[PDB]
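Inspection log for the structure reproduced underneath, given as C-alpha cells.
Selected chains from the complex are presented in situ; the others are not included.
Letters are used for the chains, namely A, B and C, taken in the order the chains are written, and counting of residues starts over at 1 for each.
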Amino acid sequence: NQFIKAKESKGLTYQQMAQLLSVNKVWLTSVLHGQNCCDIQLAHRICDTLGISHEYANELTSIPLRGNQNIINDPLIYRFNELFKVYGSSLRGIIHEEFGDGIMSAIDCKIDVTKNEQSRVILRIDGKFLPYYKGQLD
Amino acid sequence: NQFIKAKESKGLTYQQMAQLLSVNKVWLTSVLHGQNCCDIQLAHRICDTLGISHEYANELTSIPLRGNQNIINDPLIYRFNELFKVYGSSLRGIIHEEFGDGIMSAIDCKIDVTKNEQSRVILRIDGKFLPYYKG
Amino acid sequence: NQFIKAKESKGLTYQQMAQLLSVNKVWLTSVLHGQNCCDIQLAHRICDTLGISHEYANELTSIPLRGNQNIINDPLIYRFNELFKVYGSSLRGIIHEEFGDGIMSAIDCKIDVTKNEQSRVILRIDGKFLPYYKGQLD
C-alpha cells in the first residue's frame, strides 16, 4: 500500500512494472500486495522503479502470513469461487483421468491474466502436478 | 453417475467424448456430472455415444441444482480455493486496472484443462468482463 | 458518512440529489455509502451539491471492496433476505421457463424504489439475463 500509492503517482501499470523487471505480472503484483516475497536484489530494483527509498526493500523480503485477507464477499472474487463450486468435480475427474491420482499445486504455480481481442478476461493457471504417495517402502 | 459408469465400461476418456461431439471438454464433463445441462439433440447423441438408452436423455436436459456438492475438503479442490485466497487481491487489482470496475463472469465462461509437455496442469479460464452499472 | 452528514445539514433528500445530477437514485445513494463509485466529473458535482470541498471527490472515485458491511441482522435488510428464502425457488423456476438456463445479473442492474399511493414500498429491479455457456466450440 505504500508501494501501491508510489506506483499510482508514477502512472505505472502492473504490466509495465513486470516487463521492466522481467518477472511474472501476477506474482509481482502479489509481492507488492504482501501475499508473496522476493529476494533483496529484486526488492532494491522494485524500489527504484517506484519513487521510493531502498530502506523499504526489507518489507518486500519478509515472508508474509498469507491467505488471510477477508475478501470472500467481493463479487469479483466470489465468482472465481463459484466457478470451482460448479466445475470442481469436473476438473477433478479430468485431472484424475489425464494425470492420475494427485493434485495441482498452488505453491509451484504461475498465474497469467490477459485482455484479449473481444475484451474477454483470460486467466491461465500453470501448476505442478504432484502425485499421491503410493506406499513404496524404499 | 449412471453416465460415468457407462463411460468407464466403454473405455472412453472425457477428451474423446468431447472431440466426437464437437463440444468443450470441461462443459461436457459438467453435464455428465449434473452441474450443467444440454439441449435434447445433444442429449440423445451423448446417450448414443455411451452404451445407454435414449430414455435417459431427459436427465441431461433438466436444469440442475447448482454448486451444492460439499467437495471443499478434497485436496485437489482446496488448492484452487487457496490459490484465490493468495492471489485474489492481485487479480482484483490487475483486472480493475486493465478492464475497469467490473467482474469476470462465471456464467459466460469457457474452462479448458490440459497436460502440457513437462507434465504441468494448465487450466485456462475465458470469461466475459461485465462492467458495473454507472448511473 | 462525511457525505451523509453533509447531506443532512443541507436538508437534501436522496431523491432531490438524484434529480439535480440526472442519475439513478439508488445507485447514487450507494456511491455515497461507499458500495459503488463514480467518475471524477460526477464526483466534483456531488461535492458542489453538498457543502463539501472538492478535495473529497477522490474517495467517491476509488473502487471499493463491495458487499462487506455486516448488516444481516437489521430487520429491514433481513426481510429482503427472507423474501428470497421463501420465493427463491419460484423465481428460479419462472426465470428458467421464461428466459432459459441462466441468471439475472447483480452487476448490470438498475434498482428503483418508490412510495406509491396507499404508501406501499415498490421496489423495481431491472437486470440483464445472462445465459450459461452451452459448450459451442466456434
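By our rule, contacts are C-beta pairs under 8 Å (C-beta built on N, C-alpha and C of every residue); 3 or more make two chains touch, one makes a residue touch a chain.
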item: Homomeric assembly size (copies in this file), of which only 3 appear in place; value: 10
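Going forward, only the chains that are shown with their structure count from here on.
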item: Chain pair with the higher count of C-beta pairs in contact (B-C, A-B); value: A-B
item: Gap in Å, rounded to a whole number, between the CA centres of chain B and chain A; value: 22
item: Per-residue multi-chain contacts in chain A, two or more chains; value: 71, 74-75
item: Chain B to chain C touching residues, read off their complex; value: 22-24, 27-28, 31, 36-39, 42, 63, 96, 101-103, 105, 107-110, 128, 130-135
item: Touching residues on chain B, where the partner in the complex is chain A; value: 4, 13-15, 25-26, 29-30, 33, 35-36, 66-69, 71, 74-77, 79-95, 97-99, 102-106, 109, 111, 113, 115-116, 119-129
item: Residues of chain C that touch chain A when the two form their complex; value: 65-68, 106-107
